[PDB]
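It is the complex with one fewer protein chain than it really has, and the rest are unchanged in position.
Chain naming follows the written order as A and B, and within any one chain the residues start at number 1.
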Amino acid sequence: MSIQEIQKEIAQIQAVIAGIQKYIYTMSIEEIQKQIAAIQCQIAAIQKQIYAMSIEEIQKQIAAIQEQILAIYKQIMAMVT
Amino acid sequence: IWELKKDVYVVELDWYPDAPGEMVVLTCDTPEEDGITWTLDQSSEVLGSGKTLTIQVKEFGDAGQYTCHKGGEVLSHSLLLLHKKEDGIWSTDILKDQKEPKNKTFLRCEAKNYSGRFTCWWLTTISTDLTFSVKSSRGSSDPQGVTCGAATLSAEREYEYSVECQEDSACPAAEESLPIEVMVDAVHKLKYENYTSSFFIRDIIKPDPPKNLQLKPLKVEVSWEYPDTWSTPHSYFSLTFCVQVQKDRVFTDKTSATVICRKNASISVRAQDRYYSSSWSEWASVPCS
Partner (left out) sequence: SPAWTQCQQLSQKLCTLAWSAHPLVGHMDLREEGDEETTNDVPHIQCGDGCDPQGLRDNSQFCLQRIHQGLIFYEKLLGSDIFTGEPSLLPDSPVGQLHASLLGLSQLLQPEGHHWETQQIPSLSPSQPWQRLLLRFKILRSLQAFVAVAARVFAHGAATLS
């Protein structure tokens, strides 16, 4: 859809993953930390497609990355409960 | 084209090599209707005749001060500035991206207290024909008044500029619900750019360092005071403190602590808002012994 919305969504993901990562510091951890880095490594690769200026495939990937993040969040919250 | 201030206009341009730019129509600001000629900047070459002048704006050679005259007398002036749009993005050539706390951070602001006063600074490498203009409000749809001073050089190391602002009707104790907006116009020659920052005062708080740090020996009692600039009453605007020997650290809400001077001497104390996680002050330090 819009190019502006996609970059905003990436920024939100970047902020969110930064917050979960920092929160984990205050408290399988090694497995989750490896999974986080792989998404970021993927976020960077996706970001390069953007600075070239597919769209449909990126929107599908944002939703898929969002699904991975939600799963991580649920595990972490369960670990502190 | 829109009016930036009296007799000053901004022309937005999609900026790329050989771009056709934008057509503009200037109107001489006069009641008169006959015997008018137009010039640009210092040249006396008449660019056109009549009440209005049509020009194609596509590069900086087409910008500048257009003047209409009649009977040898100047009637009015119109300064045209260019705002470059590069790939759908407005240019940010003039200010340096500080990249903290995130990308595209050009302005940094700090407050020493909840008074409603704060300071903002930005950086540029450009030394030439450079003008900044600062306006501020609280809220965008229903803006509340904020008065700022002039932006001026505060350091050279890369040139740093600073400006002072103060909310007209501040409520130090209230819970802010609308952020402060800071807006900076930047003009380099005929290149116009602008910049914005949005924040709550509470998020840019950074207290001054602890005051009057003193030591009392005991058969090493540390004491200090709140900084003069911090919000009053201290019983309301409470601070918390970090005491470090240098890591050997303790945290306290008191203005005193007892420590052991092990190493060669270093003791240091810094301060933070007790109830809201904003920035730590710079350290105050006193040598042991």
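Just so we're on the same page, contacts are C-beta pairs under 8 Å (C-beta built on N, C-alpha and C of every residue); 3 or more make two chains touch, one makes a residue touch a chain.
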| item | value |
| --- | --- |
| Candidates B:141, B:264 or B:289 - the one touching the absent chain | B:141 |
| Option from A:44, A:45 or A:80 whose C-beta touches the chain left out | A:80 |
| Residue among B:178, B:183, B:220 or B:286 touching the omitted chain | B:178 |
| From A:11, A:37 or A:55, residue that would touch the chain that is not displayed | A:11 |
| Hidden partner interface residues of subunit A, rising order | 8, 11-12, 15-16, 18-20, 22-23, 26, 66, 69-70, 73-74, 76-78, 80-81 |
| Contacts of subunit B with the absent chain, listed as residue ranges | 101-102, 139-141, 169, 171-178, 198-200, 202-203, 233, 235-238, 273-277 |
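Everything that follows uses one rule, which is that only the chains that are shown with their structure count from here on.
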| item | value |
| --- | --- |
| For subunit A paired with subunit B, centre-to-centre distance based on mean C-alpha positions, whole Å | 32 |
